[PDB]
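As a starting point, one isolated chain is supplied in structure tokens, in the form solved without the named molecule.
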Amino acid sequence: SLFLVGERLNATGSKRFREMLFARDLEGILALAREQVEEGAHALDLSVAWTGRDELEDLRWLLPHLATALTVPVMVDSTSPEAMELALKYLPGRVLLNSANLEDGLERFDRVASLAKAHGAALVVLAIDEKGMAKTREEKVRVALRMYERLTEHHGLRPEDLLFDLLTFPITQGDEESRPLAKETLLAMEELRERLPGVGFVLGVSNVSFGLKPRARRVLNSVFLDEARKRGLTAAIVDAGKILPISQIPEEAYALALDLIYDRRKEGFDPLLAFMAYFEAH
């Protein structure tokens, strides 16, 4: 029952979308939106924020057309609550707000939660607070519980209104510190599923593979997605067309992907170098 959220209308994550947004190529944007729906997406991530630009202008330009070109739900992806309000005016009954978090303290968190409650929007709850991103499973649990309590007890939101984003970090580039980060999220997710029955979980799957070649990315994302699903993932922000079913992944690449995800370093063997080795030699 995986709710796929197309990742491609994201100025930060998508060169193609950035180009078209810059060019004011409306028809290219609407086509790319429709294409993701056809490739399996049930909803579309939307982020227009970028260096210098009046995010509220870009949204005022795009939203009226986007809202009437498709009926799919839109995950409004923005750090401005005003931007969220604007998107809610154009997309009533169709919005997921990304995100409520505590990076700027309680008031901004509450502003986003209030909007979600008042408009009937689903809420992405992101594991960043006043001391930063939750990297370990212990940090992820501590932040999530505090936010869960605030959202249920104070705002009257139901577990089922909520998609907890426990953070997807690139486990490429070989850093000691970053190798276990996907494991931490997967293990925290399983634990929070038990602790918080009824909440959803979402991840930006494609972050996990950032820095690798395209084939390696497709495989790692698809295996990570599948492993997250087993831990209780309910939704994923993805390039829906580029998700491989597990059966379509060669057994070696699949096994090396699981090695990289779970950080199964032993002396004689680096799963990162081994995973990259497979491709280029296939």
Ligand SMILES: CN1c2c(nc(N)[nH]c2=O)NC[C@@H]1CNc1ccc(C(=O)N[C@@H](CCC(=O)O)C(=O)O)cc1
The other form holds:
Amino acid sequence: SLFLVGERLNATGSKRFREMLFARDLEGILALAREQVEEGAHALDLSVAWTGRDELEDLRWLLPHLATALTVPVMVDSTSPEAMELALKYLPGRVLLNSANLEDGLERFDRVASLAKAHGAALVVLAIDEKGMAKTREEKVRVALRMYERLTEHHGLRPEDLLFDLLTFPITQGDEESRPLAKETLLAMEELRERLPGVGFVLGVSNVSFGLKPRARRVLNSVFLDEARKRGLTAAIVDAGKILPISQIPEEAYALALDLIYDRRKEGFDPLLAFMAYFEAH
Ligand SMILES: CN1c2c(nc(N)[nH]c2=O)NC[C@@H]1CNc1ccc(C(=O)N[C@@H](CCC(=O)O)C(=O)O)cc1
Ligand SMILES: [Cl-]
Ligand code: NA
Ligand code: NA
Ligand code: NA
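Could the form solved in complex with the named molecule be shown next, to go alongside the form solved without the named molecule?
What follows is the entire complex, opening with the chain shown before.
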């Protein structure tokens, strides 16, 4: 029952999408969208932002065609409020806004939230404020509660309209700061599920595994998605066709994945190395 959001219509995140976007290969882009929907996607993340390129021009071109060719809703992945308003114009009732945050302060947070409210769009909110990204359990809860209060009391948004993104960081560099980061998000999600009944939770699941070989990313992403579902995850941004059921993951790979996610270091044992070692050997 997870709302799966296809991740691959993303210029920075997909070479295939980027090349087609740049060449205005509309039918290639629609073919990529349909593949994702057939592989399980109930919605599609759309991030066309690319440095030194015009986001609004790309969106003005693509969005009208997405409105007629797709049935599934679009999650508009942008930090530009004008980009969000284009999507809201061309896809009325078929938009999730990704995202609002508090890094720019309250007025900017309020401007994005007002769009969600005025247009009846679902709203993603990141655990990010004026001091930056929430990496610990404690920071995530603090930022989330501040946002929830504003979203409900001031904008009159319903818990059910909200998707809290408590942030997915790679646990693959192996430095002391990044090792616990997936565990910290999982724990914050369980706590906020109790504190904020009725709110959705979303994660960019693929970020947890950056740097590893593709077969290893597939396993780690799937295990992390599964763990998150148990903590209360309601939606996920994923490569729709590369989510394995837990039962298809070999027992040793599964156990090493959980060790890596929960940072189960001991004397002789580095889970990062052991997880990487498994995929060379098998
Ligand atoms: C940070 N992400 C994220 C978000 N939005 C929210 N709300 N939360 C998030 O965590 N939007 C973008 C990204 C999620 N999307 C993606 C998309 C692709 C890849 C990715 O790993 N791409 C591969 C593909 C390479 C290719 O085929 O070109 C890569 O290695 O970059 C990761 C995350
Ligand atoms: Cl502003
Ligand atoms: Na992007
Ligand atoms: Na402020
Ligand atoms: Na402002």
